[PDB]
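S.K.: The residues making up each chain are set out below.
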Amino acid sequence: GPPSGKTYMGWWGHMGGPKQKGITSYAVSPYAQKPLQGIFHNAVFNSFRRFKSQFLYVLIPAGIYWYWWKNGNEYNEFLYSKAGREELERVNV
Amino acid sequence: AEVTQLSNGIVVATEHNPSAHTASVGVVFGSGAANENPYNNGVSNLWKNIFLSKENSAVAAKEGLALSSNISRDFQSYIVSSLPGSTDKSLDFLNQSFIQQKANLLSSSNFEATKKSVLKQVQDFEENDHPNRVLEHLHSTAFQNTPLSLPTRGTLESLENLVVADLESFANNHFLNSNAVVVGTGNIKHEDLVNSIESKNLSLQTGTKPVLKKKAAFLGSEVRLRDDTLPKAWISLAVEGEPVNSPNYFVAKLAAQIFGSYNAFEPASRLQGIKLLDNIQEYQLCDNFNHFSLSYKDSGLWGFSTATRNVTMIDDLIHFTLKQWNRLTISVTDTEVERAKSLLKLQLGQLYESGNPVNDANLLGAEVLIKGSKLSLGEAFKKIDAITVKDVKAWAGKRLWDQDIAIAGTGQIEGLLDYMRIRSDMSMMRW
Ligand SMILES: CCCCCCCCCCCCCCCCCC(=O)O[C@@H](COC(=O)CCCCCCCCCCCCCCC)COP(=O)(O)OC[C@H](O)CO
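The listed protein sequences correspond, in order, to chains h and a.
Residues in the first sequence are numbered from 2 upward in steps of one, following the deposited numbering.
Residues in the second sequence are numbered from 27 upward in steps of one, following the deposited numbering.
For the record, the hints were derived by calculation from the structure and aren't laboratory data.
Honestly, I wouldn't trust all of these hints.
[Stated by the list, open to error] Distance condition first, Cα-Cα at most 30 Å in a straight line; then the derived DSS-like pairs of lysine-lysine:
id, chain 1, residue 1, chain 2, residue 2
1, a, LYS115, a, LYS400
2, a, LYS240, h, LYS35
3, h, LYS7, a, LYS258
4, a, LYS258, a, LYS241
5, a, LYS367, a, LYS416
6, a, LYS424, h, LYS35
7, a, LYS367, a, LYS409
8, a, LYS141, a, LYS128
9, a, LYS240, a, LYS301
10, a, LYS235, a, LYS74
11, a, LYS240, a, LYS397
12, a, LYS239, h, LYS35
13, h, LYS22, a, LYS258
14, a, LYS349, h, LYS35
15, h, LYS20, a, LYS115
16, a, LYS258, h, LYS20
17, a, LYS397, h, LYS35
18, a, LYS323, a, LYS258
19, a, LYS258, a, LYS80
20, a, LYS416, h, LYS22
[As the list claims (entries may be wrong)] Chain a side only, calculated, beta carbon under 10 Å to chain h, not exhaustive:
id, residue
21, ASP254
22, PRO257
23, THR338
24, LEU401
25, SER402
26, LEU403
27, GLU405
28, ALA432
29, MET446
For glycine and all other residues, C-beta sits at the position ideal for the given N, C-alpha and C.
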């Protein structure tokens with residue numbers, strides 16, 4: 002319809018990307034491909050690599066917060082198991 | 027007139043024609059750019075340029091005779107035109123050039139000069155000629171891993187790789203007696219029939235040409251030589267065609283002729299044709315049409331080539347043409363069949379009976395090598411009057427209905443749908 006305002010992209014043919022020249026692509030007509038043959042092996046290798054690149058980012062924060070929750074709970078058993086009779090006073094006073 | 031053929035190793039075929047008065051004689055080999063490994067493609071064109079480098083001075087100075095050559099895929103020929111009374115000296119030069127002497131021609135400095143000239147020519151072709159480059163890339167991407175996709179003039183690295191060893195190997199392995207045929211198109215009758223069968227006129231290497239293992243194939247693919255600096259956009263399509271010596275060649279030719287060609291800037295070409303021309307005339311879409319049916323010994327290529335400037339509507343331009351192909355494969359009117367018959371008769375009579383004997387000799391050699399005898403105009407007309415709407419429908423059902431296609435493009439092809447929206451427009455409608 003009517004032209005729009007300022008934009009960082011357009012439509013097909015005039016998207017607005019950087020000018021480039023010298024790139025060649027290909028394709029193999031997926032009908033004549035027989036696409037998947039080692040799907041289980043591909044999945045195994047991809048999962049291995051993805052886990053290899055992200056060791057600590059999942060193991061560390063969950064571990065530290067499990068430790069924090071464990072500390073809170075164990076303080077609770079030091080208090081809230083037939084023992085509050087002699088520590089609730091010092092907690093609340 | 028009718029042609030006469032005989033064969034004792036060498037085949038002598040003549041098409042006598044008193045209408046013309048420029049006798050010609052040459053040699054057509056059955057091996058071209060389709061029988062060479064991709065190690066160094068540029069050998070046949072290198073030989074062609076070698077023949078077109080220094081013997082031109084010899085033929086011009088010694089007597090009156092002009093020589094020319096052309097190699098496309100397997101019609102490698104070296105035609106030597108002449109005057110009607112100079113066929114003897116023409117064959118004398120041919121004999122002195124292609125058996126002995128064959129050493130002074132392959133001089134070193136001459137070889138590097140020819141190599142530089144060929145490198146410059148191929149670089150110029152790659153830089154400038156887009157409409158033929160897209161077709162060459164279509165050939166390259168339609169026959170992947172097969173000696174039918176490599177370009178007919180080679181690549182830069184292929185030309186710069188080898189020097190003399192593989193050239194002489196090609197000469198020894200493909201310039202033989204098995205697949206060599208002489209031609210006598212022009213204004214001669216029977217002297218060619220005898221002069222070729224002579225003690226002095228023999229061809230070296232009376233052996234056999236090596237046979238390839240993987241003959242040919244066809245798989246859909248894409249190539250996108252996207253150079254957005256170029257103003258226009260050149261794209262092409264192709265479907266598995268039909269080789270020569272098949273009882274459907276004329277049917278495919280008529281199917282190609284039905285849609286025909288079109289030029290936007292020519293008023294005559296804008297005022298005829300079929301429904302798709304009106305559909306693309308309503309909203310301007312493209313400038314050129316070229317419906318082709320390329321046929322070689324091993325396989326064929328029936329497709330579509332075009333060039334457009336309205337880069338935004340490439341999808342519409344492709345969609346209309348594919349829908350018209352589907353209309354052809356579902357329902358054809360007899361009036362367009364009759365007009366296609368007449369147009370094909372006109373174009374084939376123009377092509378097979380042009381005034382230049384060089385083209386006639388090339389066609390005669392191409393027919394003789396893989397046929398054994400040329401098919402005259404009358405028989406072609408007889409075989410084309412039998413083409414019917416049912417035959418065209420049955421043929422298009424097998425070839426144009428859910429078959430692999432290959433697209434080659436360059437320029438500004440941002441709007442070109444990659445592979446699925448361009449292939450799923452054949453059998454996914456309300457059939
Ligand atoms: C009160 C309803 C009355 C009928 C409604 C008709 C419209 C039905 C669809 C309703 C909205 C669905 C949302 C998506 C619609 C677009 C689908 C689309 O784009 O898919 C194809 C188009 O699908 C269609 O819609 C095509 C059929 C047109 C139908 C026209 C109206 C028919 C009305 C009869 C009833 C239809 C509904 C039946 C429901 C069971 C694309 O292929 P193409 O052929 O357009 O691409 C060609 C390309 O350029 C390359 O060649």
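S.K.: Hint by hint, note whether the structure agrees.
M.R.: The hints, checked one at a time:
1. A C-alpha spacing of about 27 Å is found between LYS115 (chain a) and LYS400 (chain a), which places the hinted pair at or below 30 Å, so the restraint holds.
2. With a CA separation close to 21 Å, the supplied pair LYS240 (chain a) and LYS35 (chain h) stays within the 30 Å bound.
3. A distance of roughly 27 Å separates the Cα atoms of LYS7 (chain h) and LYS258 (chain a); the hinted pair therefore holds under the 30 Å criterion.
4. For the given pair, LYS258 (chain a) sits about 37 Å from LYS241 (chain a) by alpha-carbon distance, which is inconsistent with the 30 Å threshold.
5. Note on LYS367 (chain a) and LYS416 (chain a): the hinted pairing holds, with a Cα-Cα distance of about 15 Å set against a maximum of 30 Å.
6. About 23 Å separates the Cα atoms of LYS424 (chain a) and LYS35 (chain h), which keeps this hinted pair within 30 Å; it holds.
7. About 11 Å separates the Cα atoms of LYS367 (chain a) and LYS409 (chain a), which keeps this hinted pair within 30 Å; it holds.
8. Taking the CA atoms of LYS141 (chain a) and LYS128 (chain a), the gap is about 18 Å. The hint holds against a cut of 30 Å.
9. Distance hint between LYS240 (chain a) and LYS301 (chain a) is unfulfilled; the C-alpha atoms sit about 42 Å from each other, more than 30 Å.
10. Taken as a hint, the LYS235 (chain a) and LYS74 (chain a) pair is honoured in the structure, with Cα atoms around 19 Å apart against an allowance of 30 Å.
11. For a cut-off of 30 Å, the pair hint linking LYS240 (chain a) to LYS397 (chain a) stands: about 22 Å separates their Cα positions.
12. Distance restraint check for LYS239 (chain a) and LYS35 (chain h): the Cα-Cα separation of roughly 24 Å lies within the 30 Å cut-off, and the hinted pair is therefore satisfied.
13. Proximity of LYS22 (chain h) to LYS258 (chain a) is assessed by CA-CA distance (about 14 Å); at most 30 Å being required, the pair is judged to hold.
14. The hinted pair formed by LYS349 (chain a) and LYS35 (chain h) meets the criterion: a straight-line CA distance of about 29 Å does not exceed 30 Å.
15. With a C-alpha separation of about 59 Å, the suggested pair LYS20 (chain h) and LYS115 (chain a) falls outside the 30 Å cut-off, and the hint is violated.
16. Restraint check: the Cα-Cα separation between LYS258 (chain a) and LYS20 (chain h) comes to about 15 Å, which is no more than 30 Å; the hinted pair holds.
17. Restraint check: the Cα-Cα separation between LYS397 (chain a) and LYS35 (chain h) comes to about 39 Å, which exceeds 30 Å; the hinted pair is violated.
18. Of the pairs offered as hints, the one joining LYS323 (chain a) and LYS258 (chain a) is violated, with about 34 Å between alpha carbons and a cut-off of 30 Å exceeded.
19. A distance of roughly 39 Å separates the Cα atoms of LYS258 (chain a) and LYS80 (chain a); the hinted pair therefore is violated under the 30 Å criterion.
20. The straight-line distance between the Cα atoms of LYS416 (chain a) and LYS22 (chain h) is roughly 48 Å, outside the 30 Å bound, and the hint therefore fails.
21. Using the Cβ-Cβ criterion of 10 Å, the hint placing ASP254 (chain a) at the interface with chain h is satisfied: the shortest such distance is roughly 6 Å.
22. Hint status for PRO257 (chain a) relative to chain h: violated, with the closest Cβ pair at about 13 Å, above 10 Å.
23. For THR338 (chain a), the interface hint holds, since its Cβ comes within 10 Å of a Cβ in chain h; the closest pair sits about 5 Å apart.
24. The beta carbon of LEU401 (chain a) is not positioned within 10 Å of any beta carbon in chain h (closest approach about 35 Å), and the interface hint is therefore violated.
25. For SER402 (chain a), the interface hint is violated, since its Cβ never comes within 10 Å of a Cβ in chain h; the closest pair sits about 41 Å apart.
26. Nearest Cβ of chain h to the Cβ of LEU403 (chain a): about 40 Å, over the 10 Å cut. The hint is violated.
27. Taking 10 Å as the C-beta cut-off, the interface hint given for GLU405 (chain a) is violated, the closest approach to chain h being about 38 Å.
28. With its C-beta approaching chain h no nearer than about 8 Å, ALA432 (chain a) sits inside the 10 Å limit, and its interface hint holds.
29. Restraint check, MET446 (chain a) versus chain h: the minimum CB separation of about 8 Å is within 10 Å; hint holds.
Checked against the numbered hints above, the structure violates hints 4, 9, 15, 17, 18, 19, 20, 22, 24, 25, 26 and 27; every other hint is satisfied.
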